[PDB]
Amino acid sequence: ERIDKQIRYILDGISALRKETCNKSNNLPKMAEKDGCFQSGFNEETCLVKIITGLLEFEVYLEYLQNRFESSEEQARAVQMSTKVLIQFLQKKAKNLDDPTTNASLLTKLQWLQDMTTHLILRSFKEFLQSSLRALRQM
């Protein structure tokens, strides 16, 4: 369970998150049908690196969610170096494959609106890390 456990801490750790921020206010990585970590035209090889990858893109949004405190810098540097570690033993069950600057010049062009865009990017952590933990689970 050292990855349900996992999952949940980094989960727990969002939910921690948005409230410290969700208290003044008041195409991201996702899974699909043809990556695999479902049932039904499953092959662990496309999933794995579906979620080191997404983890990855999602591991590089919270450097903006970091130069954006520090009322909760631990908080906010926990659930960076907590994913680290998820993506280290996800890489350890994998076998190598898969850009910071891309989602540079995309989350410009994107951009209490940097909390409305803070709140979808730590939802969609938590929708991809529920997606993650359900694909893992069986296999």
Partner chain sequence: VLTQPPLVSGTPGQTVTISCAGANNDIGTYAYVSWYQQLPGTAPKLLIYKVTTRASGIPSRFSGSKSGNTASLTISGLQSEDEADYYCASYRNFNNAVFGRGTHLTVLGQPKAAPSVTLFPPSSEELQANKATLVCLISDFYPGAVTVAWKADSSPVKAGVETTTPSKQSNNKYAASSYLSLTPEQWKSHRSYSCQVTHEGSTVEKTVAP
Given for the second form:
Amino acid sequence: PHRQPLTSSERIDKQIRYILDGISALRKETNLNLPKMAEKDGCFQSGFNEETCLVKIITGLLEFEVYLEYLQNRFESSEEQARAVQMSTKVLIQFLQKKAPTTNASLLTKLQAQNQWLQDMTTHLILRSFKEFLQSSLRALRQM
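Got the form deposited with the partner chain bound; could you also share the form solved without the partner chain?
Partners and other molecules have been left off, which leaves just the chain.
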């Protein structure tokens, strides 16, 4: 019998690492107001805040789900992987909730009716803003 039973932080930490790896295996296999961390949210060392930041992470991740749904009908060569980023994020959003809709429908169909040049631009910068957001989340969480 082999697996060490983990605490909340370890579990959450491992999950983000799981997601960052996945995303990167989509970065290799490849108007916009995407969530970027701010100092007022209290996730950086300057003006740090364990309460305010956790709210920004859960709020943020939740706002990324639609843009993750977007990425699904975008990777016709890496389908299951792009799904595994979608579900792992959901999974992540549930680990961060222990510790503590048609606007989407419309803005999906806007992104999804742009030309390929625009759609691959959207893809590119979604993935990079997801990476930004996760890395700095892993960092903040490596404290509280």
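So that the term is clear: the rigid core is the largest set of C-alpha atoms that superpose within 1.5 Å between two forms. Numbering follows the first chain given and starts at 1.
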Subject >> Moved residue between these two forms - picked from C37, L86, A76, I51, where its Cα shifts 2 angstroms or more relative to the rigid core >> reply: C37
Subject >> Per-residue C-alpha change between these two forms, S105, threshold 2 Å, rigid core fit >> reply: yes
